[PDB]
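Just one chain is shown here, as structure tokens, and it is the form solved without this ligand.
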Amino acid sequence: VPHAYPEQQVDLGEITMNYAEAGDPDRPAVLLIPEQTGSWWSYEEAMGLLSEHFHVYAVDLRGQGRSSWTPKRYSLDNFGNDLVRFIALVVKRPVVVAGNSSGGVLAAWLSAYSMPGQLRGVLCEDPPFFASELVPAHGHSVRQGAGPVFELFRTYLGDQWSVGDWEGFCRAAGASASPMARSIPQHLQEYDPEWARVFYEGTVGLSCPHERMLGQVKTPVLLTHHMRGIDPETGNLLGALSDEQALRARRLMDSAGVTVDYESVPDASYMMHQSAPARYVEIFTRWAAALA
């Protein structure tokens, strides 16, 4: 469907990346990475506010939105290298990156693994550090967090919506123990459920353990930690990451020799840029103002 901004596409080589652009093209460039199942327009309201001071890019990752679906090719390194090419081909200037949930993991990915100087700093909006990994070095695994949702996506929707049993997913999700599962939406119609597979099966980040990535960040990192808790019935993690996982992540990025700003907001939803955009933008603008 159409949205608040016109959409553009760029050939990154393997894929075509769809994205939207806002703000004076001379202002400092900002790159927004949506969450899993989220398209670029997940940031729609935030872009308008950020466009007052920033040149904002919001992108569809591969397997999402209008960007190419790439069966068997979904990995953190392929996601991140797509963004490396986007920065080098479209933006052509240093960027401040803001990523939400899985996008926040990719924001840290770029801070550590981008090409030199591509980034001035990254905002990781409620990122599932460790919690999104099958075998994390610290704390809950994906199977004890969002995994239950990813499983239902894998089984009832299938790669490239090959199954497409929406009713079956809703039933299983309503009977789930995961409140995120209990939580076709437009953003889901544009979503390649093989995303969920690689996360559930542990292949998306097999060659990209978070401990090595976080210990190699090279830019200032603003880490916002939203709602989190423990489910009594299952013991599973609620929210993006646990307090322990945030602690270990911070000590890793601190050891990397960068400035780590930890902004805990335990009463915010995991998509603050959508639920409380003014608060999200103020948090981002204040931190992004002191970078370079």
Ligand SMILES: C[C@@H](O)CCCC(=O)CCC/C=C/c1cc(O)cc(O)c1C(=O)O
Contents of the next structure:
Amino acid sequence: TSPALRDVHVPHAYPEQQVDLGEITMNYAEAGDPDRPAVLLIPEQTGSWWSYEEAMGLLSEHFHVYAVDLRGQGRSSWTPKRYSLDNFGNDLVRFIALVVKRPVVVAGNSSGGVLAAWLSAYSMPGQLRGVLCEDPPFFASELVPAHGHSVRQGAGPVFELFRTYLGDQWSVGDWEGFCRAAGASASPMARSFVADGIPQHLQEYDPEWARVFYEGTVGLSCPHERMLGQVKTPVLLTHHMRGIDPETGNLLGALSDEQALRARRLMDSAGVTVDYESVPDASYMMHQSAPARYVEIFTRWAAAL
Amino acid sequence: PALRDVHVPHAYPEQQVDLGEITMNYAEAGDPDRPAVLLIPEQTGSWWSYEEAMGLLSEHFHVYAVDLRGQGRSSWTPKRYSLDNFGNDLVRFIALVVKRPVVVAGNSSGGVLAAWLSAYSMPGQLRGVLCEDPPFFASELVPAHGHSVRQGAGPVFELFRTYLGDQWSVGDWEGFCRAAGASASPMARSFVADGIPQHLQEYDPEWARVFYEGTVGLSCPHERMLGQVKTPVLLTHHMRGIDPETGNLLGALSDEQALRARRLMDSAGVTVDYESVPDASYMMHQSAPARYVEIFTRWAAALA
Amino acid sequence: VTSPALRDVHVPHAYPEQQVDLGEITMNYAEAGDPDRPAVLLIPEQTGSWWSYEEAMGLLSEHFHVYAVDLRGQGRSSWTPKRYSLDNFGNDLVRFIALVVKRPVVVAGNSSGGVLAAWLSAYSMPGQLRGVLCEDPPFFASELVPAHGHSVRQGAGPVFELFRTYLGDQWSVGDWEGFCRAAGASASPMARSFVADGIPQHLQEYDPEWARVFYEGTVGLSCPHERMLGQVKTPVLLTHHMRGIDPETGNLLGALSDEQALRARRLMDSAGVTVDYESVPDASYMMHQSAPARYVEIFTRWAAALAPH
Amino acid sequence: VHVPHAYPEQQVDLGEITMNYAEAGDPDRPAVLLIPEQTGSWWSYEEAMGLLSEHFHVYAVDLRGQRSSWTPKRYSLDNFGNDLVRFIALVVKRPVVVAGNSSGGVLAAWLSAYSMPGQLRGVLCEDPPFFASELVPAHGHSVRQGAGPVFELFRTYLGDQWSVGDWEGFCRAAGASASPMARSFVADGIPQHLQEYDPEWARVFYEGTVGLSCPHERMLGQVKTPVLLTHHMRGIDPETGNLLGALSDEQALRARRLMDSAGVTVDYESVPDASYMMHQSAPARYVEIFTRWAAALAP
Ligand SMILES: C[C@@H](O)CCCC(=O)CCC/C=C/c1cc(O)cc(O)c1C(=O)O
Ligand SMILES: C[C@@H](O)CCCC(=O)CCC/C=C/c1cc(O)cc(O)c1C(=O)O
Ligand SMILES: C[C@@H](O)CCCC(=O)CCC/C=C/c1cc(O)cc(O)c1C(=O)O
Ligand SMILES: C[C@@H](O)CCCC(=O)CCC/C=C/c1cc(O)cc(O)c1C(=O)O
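Next, report the structure of the form deposited with this ligand bound; the form solved without this ligand has already been given.
What follows is the whole complex; the chain from before opens it.
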């Protein structure tokens, strides 16, 4: 297995399509009847469009569904030195403008949920009808957050190992060294990656993603407080498992109760309807671990826009 | 300037468009059936930096001149100033207002953004770009080639950051003039004046911060942008030199930096025209409008 | 205001002032007590000069040979543009002990001075220190990217931002009017406290580049607190004064959180030293100045127990 | 990985670290302190020590991160420099003449400006990357246009405290580098001196943290002892525009101007045919230059 050669991809239930956005090619898949309201699905970090493979089938009964590979992931362009929230987000603006061509409901998981909120605030006018942020690391994914734990006290331990042992565009590729260091890590999420083989979704991932989160450059020019304070559409914030590790004090999960509270206050001050669904027993990737439950929450909220 | 009530009338009516995050102010001139042109001002310059050249270009072109975010009547956006946000604003402006392929001309930092659009616009948006005295590399904190911003315009930016401040929150013009008067940078000493120039009153000095601190282009290194340009490019290179007292760069970019930038743009496969005008000021479109429009029209006429 | 930028602001105090050339800088200091008694070094809080301790020095001089110092960028000590770092502050103090005190010392520091006392416990030359008192120290909370809890941006950072912008490096801006306007609009109670009664004398002696390097996270970039605390080599007393959470912002009030204190104590315990912890939640952060008798009581009680059995 | 050498080795506790060193010559003669280049141990000077020990009391040291303590997250010019201040005060206990090669010569200048008063009689800066080892220098080429390419490969393929240790991947990338210095490191086995090196050294130079709080122009403008600056091979690579050698002629001029304004005697010796480690590749030549200059210092 050689992720650096980008020859790792496998079949999926929907055909894969590509669009030139200008700087990058973005790979995506499509499901459902084009006469239905459009939905855009943005995956979690290290997740490709097919992170949503099962939920797409359920959602396609009611919506025209697009799921995308972000730059640095899947079959989309890898762009050294270019990974930032603003480049991710403007990629998605161009996708909506060039491919979807009608208003969309956007759902994103974790960093994808950060980008869904990015679009709510910063898309072109009228591109969006509402957004679902699925377990988003508001503040918790920033190096210098306005509120609560930083990324160094949450997912950063994992990103540090990715940066060191996998490297930009898999330039190091030391899977054995990664597993050795991960098995001895204080992060339960880090220890979770130790395996004989490389998970498929991680084979498709550009680990420079991890560098820009760990080093705090990905969001340097996009502070979360200013983004959250400027959303322009309804927002559903889903909040899954979270807790504090007694051994280290680090955050477990995507964001703390305090970070969720401050994020909700910020979006409420922007003048939009903010719904909050707390599912403390769910994994962060509910759209994949509990697809029917996720689609139930999604469709309930989508119907009331 | 902090209250943003300083604006005055101009030879053209001003229009505003909602791009999403920001409102963009601009002016329009010429016949809607002529080829479209987009003019991007230098740093601290509003759209009306191009007022004279617009008149001359409007005989042949449908001309748009814009205020970038943090300038003029466009939105001020604290903590958001980066090349990619400037650039994508302009992508949106072309898509929502111009709605036709455009020829883009940009002065200094506007010319960096002209090259940004050449490489990173949506497909087919651009026919070609004129980069008027662009500080390739020299406006970066850590350039691949040649002088850094700290050895170029950085001394000016340090003074703006310290004495004017983000969104004019400090606004110590007397303290700025005192310090600029004692600066080794000739460009800094050129701002000493009793009153605040009109263009600078409209300017958000957080601009100077993000250039001085190296954050504006952190996720947009110039060598990767220059190596991915996709349209014909005309690079005009105006006055430049070395100050013996400091070794600092005078002008927008050195001959070495122009050479390395042209090599990258050539490696991207595009036709790069290089016009060296070592007598001209960096803002030739304003100091010598007819000469600027001649160079522009000569080159634009030859585009497919 | 230009007087602070010209550094002609200094006034007399209760003790005469002395200077020593440490190499890069001149360090100003005051001395009290019997040279026959055990030596003590007092390190002020940020914006505080040696005379922050003036009253406590009188009380301590009864039983100790007391030295109180101006750090670089403060008081009459050298202002050093672009050189403000925990390592440069700390090595200044190492040289002061070596060149002036010439005896083992008990070190007591307030807030950032307490961070520097811990620095010395870990990183001084061998045998220079017998123990350190860390008076309300912002362990982790004065860092831009701490291992644990609140960052400086969620604590004292709002004050440092206003100092950086309106006072400026070496007081080059000096916009006190603008500072007060912005401060009166600030959510930080510490920020608002600086407005009344003009520019405090201690602040006029202060180089606000201090505030820049804390706000920008450069002061301790090469000196992470977790590695410092895990390598202390002397007994440590940590006094923990007022602290809480502001409901309006979630920001820390005080020097460090109870979580940060716990994690700091755990690291110092793992270093193999005796760690004492005294919680005084009703005290201001500068207890040595606001309640000198109470401070000297804590100090002397603990210093007595440093005596070998 | 450490091996025997021609001189016995000693260790001293400086506080945070233990410092390894070797000592040679008559303890009655004037003291000399030798600081290696980056990735160099004290025995970088082994042959030069023999020659110098006939007239001088010679000390050669391992800096932190090179048998001296490795100290993760603590590598900075000021921590390097204060280590040496402590070594002089605790070990040498007499004024010293200091010679340092490349980054060691940066530290020799550091000591001239920032040591404790009177610790130093003079410094020799052997091919020092003044400015050129900084991320944002006041003058000339930055580290990214000089030795940076090498440091980037060390950071990625070797890693902090050799935590990655992908020597094969390093050799592959180095052999294909446009930097001749990088290409020079390719070898089937790890050189002994590099086995002794903490590559977090390379990280802090590449990332510009090593000297963040120690800008070179303020250091050079505050030197307090005589300075000898030796300037070896240097040039421009036409393919990249990058600097070859330690510093440019422009950077040497700007450094000399600052040291002149500091108020000290500055001597400049241009040897454009010499490699940067003249004390190792041409020891007799190096000791001739040093012994001449040191004899002119006030006894
Ligand atoms: C490599 C990646 O799988 C590690 C993050 C997953 C995890 O910790 C589980 C708790 C949820 C945190 C998510 C999260 C947090 C971030 O700070 C950034 C992210 O992109 C995610 C993100 O997953 O996109
Ligand atoms: C007006 C002042 O605030 C900007 C500097 C003017 C000057 O030095 C004249 C020489 C040309 C370099 C310009 C320039 C250089 C940069 O590094 C960045 C810029 O935005 C410009 C820029 O003007 O956009
Ligand atoms: C006075 C002003 O300049 C600093 C504001 C101090 C304050 O909030 C009082 C509560 C305790 C925090 C202290 C503290 C905290 C830091 O992060 C850094 C410090 O140097 C101190 C420090 O005071 O040295
Ligand atoms: C990794 C090591 O090989 C360094 C590269 C040596 C080299 O290019 C030839 C000599 C010119 C530059 C030296 C130099 C330059 C720096 O910027 C920093 C250094 O520590 C040295 C230094 O060697 O100490």
